[PDB]
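Undergrad: Residue-level listing of the chains:
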Amino acid sequence: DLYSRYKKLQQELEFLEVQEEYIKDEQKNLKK
Amino acid sequence: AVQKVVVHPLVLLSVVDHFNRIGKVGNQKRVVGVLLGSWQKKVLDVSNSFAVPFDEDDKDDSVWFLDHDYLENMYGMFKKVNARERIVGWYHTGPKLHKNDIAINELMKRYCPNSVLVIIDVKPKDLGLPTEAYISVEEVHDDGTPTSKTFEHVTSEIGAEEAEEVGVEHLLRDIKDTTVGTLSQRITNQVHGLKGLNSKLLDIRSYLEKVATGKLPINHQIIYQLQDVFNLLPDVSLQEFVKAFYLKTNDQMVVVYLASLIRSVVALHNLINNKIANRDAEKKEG
Amino acid sequence: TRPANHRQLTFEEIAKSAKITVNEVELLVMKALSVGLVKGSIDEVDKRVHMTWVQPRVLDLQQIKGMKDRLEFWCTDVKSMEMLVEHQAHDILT
Amino acid sequence: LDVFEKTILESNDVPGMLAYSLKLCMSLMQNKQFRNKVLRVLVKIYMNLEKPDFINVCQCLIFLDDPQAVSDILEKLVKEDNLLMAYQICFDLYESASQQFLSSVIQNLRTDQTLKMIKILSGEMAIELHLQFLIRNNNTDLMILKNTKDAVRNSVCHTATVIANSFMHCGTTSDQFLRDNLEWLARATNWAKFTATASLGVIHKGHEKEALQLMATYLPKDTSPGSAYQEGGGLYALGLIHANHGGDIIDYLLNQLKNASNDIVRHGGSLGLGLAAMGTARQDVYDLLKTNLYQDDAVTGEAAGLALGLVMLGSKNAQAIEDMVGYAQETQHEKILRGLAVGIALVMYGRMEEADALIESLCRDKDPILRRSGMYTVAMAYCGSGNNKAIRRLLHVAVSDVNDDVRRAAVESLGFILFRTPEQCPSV
Amino acid sequence: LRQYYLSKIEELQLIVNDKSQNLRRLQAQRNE
Amino acid sequence: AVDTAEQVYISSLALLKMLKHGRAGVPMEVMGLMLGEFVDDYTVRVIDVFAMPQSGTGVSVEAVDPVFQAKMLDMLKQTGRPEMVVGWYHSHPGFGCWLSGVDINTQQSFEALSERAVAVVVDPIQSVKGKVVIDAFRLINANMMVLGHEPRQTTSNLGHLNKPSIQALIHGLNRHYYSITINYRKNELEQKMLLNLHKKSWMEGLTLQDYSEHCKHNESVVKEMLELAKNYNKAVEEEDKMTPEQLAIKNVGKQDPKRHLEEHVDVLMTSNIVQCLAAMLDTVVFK
Numbered sequence: 039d040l041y042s043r044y045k046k047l048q049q050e051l052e053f054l055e056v057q058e059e060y061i062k063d064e065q066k067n068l069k070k
Numbered sequence: 005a006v007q008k009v010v011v012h013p014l015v016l017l018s019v020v021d022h023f024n025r026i027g028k029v030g031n032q033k034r035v036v037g038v039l040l041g042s043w044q045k046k047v048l049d050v051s052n053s054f055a056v057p058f059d060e061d062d063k064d065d066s067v068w069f070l071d072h073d074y075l076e077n078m079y080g081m082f083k084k085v086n087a088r089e090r091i092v093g094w095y096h097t098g099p100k101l102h103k104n105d106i107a108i109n110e111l112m113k114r115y116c117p118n119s120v121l122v123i124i125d126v127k128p129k130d131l132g133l134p135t136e137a138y139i140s141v142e143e144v145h146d147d148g149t150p151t152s153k154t155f156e157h158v159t160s161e162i163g164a165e166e167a168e169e170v171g172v173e174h175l176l177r178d179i180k181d182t183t184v185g186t187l188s189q190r191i192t193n194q195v196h197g198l199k200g201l202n203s204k205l206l207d208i209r210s211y212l213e214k215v216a217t218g219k220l221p222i223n224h225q226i227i228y229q230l231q232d233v234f235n236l237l238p239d240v241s242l243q244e245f246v247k248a249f250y251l252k253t254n255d256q257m258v259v260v261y262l263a264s265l266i267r268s269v270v271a272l273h274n275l276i277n278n279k280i281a282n283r284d285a286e287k288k289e290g
Numbered sequence: 283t284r285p286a287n288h289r290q291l292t293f294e295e296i297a298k299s300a301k302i303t304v305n306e307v308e309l310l311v312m313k314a315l316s317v318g319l320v321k322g323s324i325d326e327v328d329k330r331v332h333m334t335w336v337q338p339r340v341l342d343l344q345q346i347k348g349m350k351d352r353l354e355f356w357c358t359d360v361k362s363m364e365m366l367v368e369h370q371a372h373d374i375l376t
Numbered sequence: 160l161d162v163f164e165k166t167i168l169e170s171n172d173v174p175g176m177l178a179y180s181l182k183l184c185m186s187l188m189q190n191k192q193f194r195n196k197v198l199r200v201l202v203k204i205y206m207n208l209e210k211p212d213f214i215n216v217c218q219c220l221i222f223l224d225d226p227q228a229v230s231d232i233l234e235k236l237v238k239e240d241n242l243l244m245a246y247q248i249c250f251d252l253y254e255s256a257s258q259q260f261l262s263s264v265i266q267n268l269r270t320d321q322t323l324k325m326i327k328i329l330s331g332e333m334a335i336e337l338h339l340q341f342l343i344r345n346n347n348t349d350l351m352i353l354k355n356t357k358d359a360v361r362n363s364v365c366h367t368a369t370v371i372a373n374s375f376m377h378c379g380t381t382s383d384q385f386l387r388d389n390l391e392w393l394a395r396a397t398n399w400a401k402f403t404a405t406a407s408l409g410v411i412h413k414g415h416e417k418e419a420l421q422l423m424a425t426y427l428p429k430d431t432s433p434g435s436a437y438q439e440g441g442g443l444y445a446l447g448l449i450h451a452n453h454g455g456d457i458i459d460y461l462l463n464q465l466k467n468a469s470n471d472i473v474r475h476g477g478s479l480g481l482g483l484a485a486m487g488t489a490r491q492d493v494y495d496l497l498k499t500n501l502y503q504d505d506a507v508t509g510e511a512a513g514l515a516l517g518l519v520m521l522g523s524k525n526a527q528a529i530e531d532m533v534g535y536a537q538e539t540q541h542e543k544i545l546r547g548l549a550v551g552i553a554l555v556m557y558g559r560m561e562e563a564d565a566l567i568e569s570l571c572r573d574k575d576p577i578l579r580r581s582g583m584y585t586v587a588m589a590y591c592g593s594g595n596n597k598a599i600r601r602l603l604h605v606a607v608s609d610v611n612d613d614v615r616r617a618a619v620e621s622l623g624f625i626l627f628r629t630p631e632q633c634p635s636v
Numbered sequence: 020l021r022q023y024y025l026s027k028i029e030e031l032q033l034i035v036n037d038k039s040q041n042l043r044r045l046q047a048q049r050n051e
Numbered sequence: 024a025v026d027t028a029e030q031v032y033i034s035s036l037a038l039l040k041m042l043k044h045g046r047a048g049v050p051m052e053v054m055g056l057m058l059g060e061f062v063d064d065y066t067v068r069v070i071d072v073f074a075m076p077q078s079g080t081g082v083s084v085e086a087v088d089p090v091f092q093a094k095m096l097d098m099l100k101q102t103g104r105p106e107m108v109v110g111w112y113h114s115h116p117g118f119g120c121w122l123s124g125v126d127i128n129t130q131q132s133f134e135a136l137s138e139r140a141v142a143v144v145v146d147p148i149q150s151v152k153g154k155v156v157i158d159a160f161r162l163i164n165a166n167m168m169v170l171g172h173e174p175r176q177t178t179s180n181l182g183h184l185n186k187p188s189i190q191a192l193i194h195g196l197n198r199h200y201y202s203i204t205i206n207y208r209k210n211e212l213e214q215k216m217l218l219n220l221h222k223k224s225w226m227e228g229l230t231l232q233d234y235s236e237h238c239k240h241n242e243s244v245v246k247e248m249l250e251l252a253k254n255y256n257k258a259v260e261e262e263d264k265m266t267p268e269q270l271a272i273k274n275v276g277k278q279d280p281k282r283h284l285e286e287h288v289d290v291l292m293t294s295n296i297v298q299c300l301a302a303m304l305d306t307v308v309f310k
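Those protein sequences? They're chains A, B, C, D, E and F, same order as listed. According to full-length UniProt numbering, numbering within the first sequence proceeds without interruption in unit steps and concludes at 70. According to full-length UniProt numbering, numbering within the second sequence proceeds without interruption in unit steps and concludes at 290. According to full-length UniProt numbering, numbering within the third sequence proceeds without interruption in unit steps and concludes at 376. Residues 160 to 270, 320 to 636, numbered by full-length UniProt numbering, are exactly what the fourth sequence covers, in order. According to full-length UniProt numbering, numbering within the fifth sequence proceeds without interruption in unit steps and concludes at 51. According to full-length UniProt numbering, numbering within the sixth sequence proceeds without interruption in unit steps and concludes at 310.
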């Protein structure tokens with residue numbers, strides 16, 4: 039199951055960036 | 005003369021619907037209307053505007069029709085409404101100044117002794133501020149022509165009143181505005197100034213290389229009026245100028261450095277306050 | 283004639299070019315400063331007349347080509363340094 | 160691949176030790192070229208093995224989209240004379256594959321097998337089996353309907369409760385709790401009578417036995433009531449009967465609207481035409497309903513736009529997209545644009561990168577209705593394969609938008625991108 | 020060989036853990 | 024025979040003229056007639072508005088000789104768009120944004136000419152910079168209460184997108200009439216015109232203010248920042264051990280450290296880095 043362990047880790051790593059990109063847009067616009 | 009002119013946003017928004025009215029053909033429809041304002045000082049303000057008809061051909065720049073009767077009728081009508089405003093001039097929606105407009109100004113100068121005109125870009129595809137303004141003077145030249153009437157520039161800006169500002173701010177809800185955020189919109193102002201300077205220098209280069217290479221007569225003025233531009237632009241590689249420039253750059257950098265130093269300890273104060281008030285609270289809660 | 287790099291002119295070239303004497307130069311440039319075509323000043327210790335401004339004159343085609351070349355030299359750097367401010371600031375200027 | 164085929168053919172367990180390779184190569188995958196490159200070497204090991212299992216090749220083939228491969232295996236299967244393993248993929252293709260793929264492989268597999325070709329083509333017996341299961345194994349309740357009978361208003365609760373009743377009896381062909389009273393079904397002023405007439409369509413889902421004579425009690429040319437909206441809802445219900453079954457019904461609706469009338473009946477007829485021909489790309493449907501679009505009426509825009517988006521479902525033809533995008537800018541109405549947004553969104557059906565430029569040419573446009581069309585196109589062009597490019601644009605361009613009008617349909621576009629793996633969708 | 024395929028997911032799990040720790044601060048600021 | 028999910032379009036000039044004429048007669052009610060068309064049976068568009076001479080009392084405002092109105096609507100046919108008089112508006116300064124007893128009196132007269140007659144109530148007092156209070160009302164029959172006024176075939180004009188107020192619900196609201204939802208239509212000619220009336224040309228962007236006033240301004244800000252930080256020292260070092268829940272209650276007086284520091288950081292940095300950046304731009308652009 040080590041292949042599934044690697045790709046799910048690679049999945050969440052590149053998916054945590056879209057959360058960290060979308061929040062910085064939302065926190066910037068919520069000031070305005 | 006007239007120093008400068010102020011345009012309220014009711015005008016230059018009434019103009020664009022006039023262009024939408026009978027600008028269905030949209031080829032050479034020079035829409036002309038008549039301004040309304042009050043010269044309360046040497047400075048001038050305009051607030052209202054209305055419509056006059058106009059038809060002219062693509063060639064034959066002498067055939068045109070300013071309606072006298074519509075002007076007098078709707079002036080009496082708006083006087084029956086508003087007794088404060090008097091006519092000041094006209095606007096035409098041509099992107100550039102035309103050749104037959106001075107005949108229009110000389111015709112309408114009976115109603116107003118100093119009839120200004122406002123060029124309004126209906127489709128400002130070039131970046132910048134619309135609604136430039138011109139007035140008629142005498143430019144007696146040494147060439148041999150006695151006099152002509154070829155206008156000159158007057159400074160203009162869009163002003164505001166305490167009710168129309170509410171409307172133009174509420175209608176600006178389809179655009180994000182970063183004007184409240186500082187240290188960003190000044191940089192966009194610098195970028196806009198650089199682009200405007202590039203566009204003006206490109207126009208000057210285009211005209212100069214057009215008259216330079218055979219086409220068009222060499223105008224004996226401008227070429228020595230623009231000679232004094234190049235007598236400016238002082239030497240950046242001058243010793244005392246650099247010696248003063250670093251002397252002031254360091255004086256600014258002192259304030260910037262002290263601002264960073266006075267910011268860092270406030271950040272640290274917030275950090276240790278959050279850590280202490282968090283850890284003691286979790287000591288209580290656990 | 284000189285292209286504003288060394289606009290300062292010595293008195294020796296003034297007296298050689300205008301074939302006037304040594305001590306009669308200064309009143310002459312004062313006469314220029316009397317009228318308004320020339321907007322300079324005179325330093326007597328080094329005996330050099332600094333230059334600030336010269337009234338414009340008529341120009342011909344080759345001078346117009348040189349002016350267009352200098353104007354293009356000025357026109358390129360505006361775009362070249364607007365690329366500097368726009369390229370190194372993306373999310374500030376947005 | 161190179162050594163991957165040798166490794167998968169290296170001596171191991173021919174059950175799921177070598178069948179999990181397909182699933183863990185299809186669930187996680189970068190692109191489309193390498194997916195087909197790894198998928199083309201699975202039909203080999205599933206075929207040249209001594210025991211080629213026939214039923215687990217369709218899911219390989221539908222991503223492969225090869226008519227010659229399914230033609231080859233059915234040609235090798237017809238002369239084998241094994242009907243136990245022969246119809247089963249011809250029901251699998253109906254159960255999963257697209258209608259265009261089926262109708263583009265019948266003439267390959269047709270140029320015994322006659323009833324089998326009818327089985328893959330029509331699915332009348334499959335629809336009949338589903339209908340018989342629904343009518344025999346039926347446990348509908350009516351007491352909760354009597355509980356909802358208390359709610360009285362001129363609003364939905366007595367006028368659009370018929371649609372709420374229809375979901376409980378969707379496909380069951382038993383409207384006995386609807387024809388219990390007739391005084392209950394007269395409370396609306398010419399707009400919920402459209403729903404009351406349309407509700408007969410969802411009761412008799414897949415009722416090819418009950419033809420036009422089922423709704424001949426309520427037809428435009430049979431009874432002719434004082435309200436023509438009953439007649440308009442009849443054609444809408446008839447179109448709702450034959451979902452993706454454009455046979456005789458599509459011809460009857462094609463010549464029904466040929467001599468059509470005022471736009472109330474044309475609304476129902478056009479909706480029936482759009483629903484009964486989806487993914488068929490028939491030219492006659494297209495230009496007959498394009499005349500509807502060019503009729504320039506703000507009641508026909510939702511009538512024509514959804515239909516012209518439905519008939520060209522994912523066809524991505526240039527004529528439809530550069531006709532309707534161009535038309536959706538100059539009409540000064542609201543119902544035309546509102547019905548055109550989902551229609552021009554439906555011309556994309558998951559083309560990934562192939563639907564990029566249109567989105568970049570529309571999501572930037574000043575029309576808010578076109579912005580919501582753009583968000584529906586982002587929702588449809590990257591459906592299933594949830595990638596961070598589409599998610600990032602979808603959750604950026606309207607979470608901080610100046611207009612509220614698109615933002616309610618902004619994150620609603622999220623749920624079509626993450627249905628493959630809903631494990632982490634509530635977390636974000 | 021195989022322990023390479025362990026250590027790679029060790030580094031990826033460290034990156035995932037660090038980013039998931041960093042995201043909660045921005046989540047708190049957005050909530051406030 | 025059905026009032027559907029209606030909508031009213033208003034143009035930009037109509038709203039600007041609306042607010043200007045409402046403000047210009049601030050203490051009393053001003054008048055006006057609307058110019059527009061019925062684009063469809065669903066929606067009604069207003070493209071222009073204009074005002075008339077009036078005659079106002081303390082509680083009422085009447086019209087004047089209507090040969091003005093007839094001749095004005097005759098003359099406006101000649102230049103450009105020949106629309107009709109689709110509605111009328113007035114103002115209600117400081118009031119509940121509602122139809123009064125005499126406001127609803129003339130609505131019957133306006134509705135007797137054409138069925139789709141819309142009243143518009145604006146108010147320039149409660150309107151603020153970010154939002155103008157505006158409402159449009161449609162008179163309903165007071166004889167028919169037992170039936171439905173609008174069937175609401177969809178959920179556009181409902182608790183969706185807007186909520187009925189309280190003061191409108193007192194003087195009338197869903198009684199004797201109803202409200203309709205306003206949206207703004209913007210054509211591209213005015214769309215790409217409205218977003219650019221704040222900028223200046225290139226002399227404003229490239230201009231150093233002065234260096235003497237800049238040095239004196241920085242001197243003044245640093246000089247007050249000295250005493251402000253001296254107060255900040257005592258503010259931090261006191262910090263009486265008693266939970267800010269009351270330290271925000273002894274802060275409500277004249278106390279000001281920890282709050283004016285970062286503002287001075289902002290006004291120092293955003294006025295120094297901009298000036299230095301513009302100095303570099305000026306010194307190497309022109310050459």
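It is possible that part of the hints are untrue.
Taking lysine-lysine and the DSS-like style, the derived pairs with C-alpha atoms no more than 30 angstroms apart in a straight line are [what the hints assert, rightly or not]:
hint, chain 1, residue 1, chain 2, residue 2
1, F, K154, B, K279
2, B, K100, F, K154
3, A, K69, F, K186
4, B, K279, B, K247
5, B, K247, C, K347
6, C, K361, F, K154
7, D, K574, A, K46
8, F, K215, A, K62
9, A, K69, F, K264
10, B, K204, C, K298
11, B, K252, B, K129
12, C, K350, B, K199
13, D, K498, F, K154
14, F, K209, B, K252
15, F, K310, A, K69
16, D, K498, A, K45
17, D, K498, A, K62
18, B, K8, F, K273
Think of the hints as simulated: they come from the structure by calculation, not from any bench.
Undergrad: Against the structure shown, which of the earlier numbered hints fail to hold, in ascending order?
TA: When the structure is compared with the hints, numbers 1, 2, 4, 5, 6, 7, 9, 10, 11, 13, 14, 15, 16, 17, 18 turn out to be violated.
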